[PDB]
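A lone chain, given as structure tokens: the form deposited without the ligand.
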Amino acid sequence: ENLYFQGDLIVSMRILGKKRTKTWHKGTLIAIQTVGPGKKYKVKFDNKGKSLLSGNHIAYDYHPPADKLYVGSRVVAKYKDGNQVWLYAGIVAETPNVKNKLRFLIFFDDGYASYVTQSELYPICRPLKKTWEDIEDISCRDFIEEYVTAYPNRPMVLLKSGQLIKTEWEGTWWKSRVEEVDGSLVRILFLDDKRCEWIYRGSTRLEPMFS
């Protein structure tokens, strides 16, 4: 059947939609379709064509109030790639508190992690019951499931600036150094390539956590 209303969604509302590039963009909800128990949402993008999307691939174009977000909530957040900025999907790993200077910790679908403000988050409309089950990468999905279900029990390695450790990249161990610590994240310098990365202190990519 063709619907005009579905929960709090209404045909003609302005919305964010996931494109095939895995980045999220502004559009208009032009139709809602049902086929038995399933539902699909037709979006017309501003500078693109149309897509018929599932409910976990559309997001509201407003920032959620803090009482609606939990550890494990499915969101779209501002993602830094070189000097460009995109909207990319992720999972909330921490909500605002004193030890993280009132920010949200995001674990992105591709394995990266970052702290963001409430004004840099958008909630996904119809998340799955087990929110992590639509993460394509198997190693990311299994780590996030264990993290969300075990929370607040969070094993992490205590690290200080200048400390030498081994860090994983493309299947092998690399000599590396701790440059900086910011709450639950650590900035690691890869010594041969002389380039840095922000990594979660409980990640198995850090050798002390792997063992």
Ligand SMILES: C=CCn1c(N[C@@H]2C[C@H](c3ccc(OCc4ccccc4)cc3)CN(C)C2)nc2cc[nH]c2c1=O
Contents of the next structure:
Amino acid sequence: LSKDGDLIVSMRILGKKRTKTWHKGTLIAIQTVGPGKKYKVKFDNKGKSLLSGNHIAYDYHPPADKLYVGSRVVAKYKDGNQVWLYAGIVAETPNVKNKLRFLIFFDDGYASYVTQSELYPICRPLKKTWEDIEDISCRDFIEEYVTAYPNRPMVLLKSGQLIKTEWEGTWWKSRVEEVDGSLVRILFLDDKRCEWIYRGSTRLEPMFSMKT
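I have the form deposited without the ligand already, so could you send the form deposited with the ligand bound?
Excluded here are partners and other molecules; the one chain stands alone.
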């Protein structure tokens, strides 16, 4: 093949690497294989990979208003001063309470708000968009969140409040530092990490009680 719909050899594309981060590259081949197609990408760092349609993204931000809770996307994370692209799911479309940003649940647990300009859309997502999440606890969470929506039990926390927050199987004295839309910044008080957590997460002691 040389076309699959709007996918046409030589164009620019994002591809997913074995490290789970995505990188710009050029689509250099399209080959029917099996019931589907596979998509050969030559990355800018000279490398190459043969990716299924759900592991390439288009080099252009989605028209908001085509995006929705469930939408499969790729988004920027800001590792200190590094910047990585990581695949995720849209948990909130923009509105007043979240200061008109998108809440992205990443494939790997984490959550953060972003903007139309920090989002790339995945080319051929599964129908049930979460079925390609490799981590199971996240595949099930996202399934239940998207299906239930607009039901979203969260706890309300105020800046200053003290709570227990789970971390590697143990519950840590911690403190709430800041709240932003559907996320809170917890400070674990023994070892001094901060962490953003979705306020409906069960790592939060209140939410863990509410939910048993």
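C-alpha atoms forming the largest set that superposes within 1.5 Å between two forms make up the rigid core. Residue numbers count along the first chain shown, from 1.
Trainee: With both forms put on the same core, how far apart in Å are the CA positions of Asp192 between the two forms?
Mentor: It moves 0.2 Å at the C-alpha.
Trainee: By how many angstrom does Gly82 shift at its CA between the two forms when the core is held fixed?
Mentor: Here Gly82 registers a C-alpha shift of 3.2 Å.
Trainee: Keeping the rigid core fixed, what distance in angstrom separates the two C-alpha positions of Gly36 between the two forms?
Mentor: Reported C-alpha shift between the two forms: 4.3 Å at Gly36.
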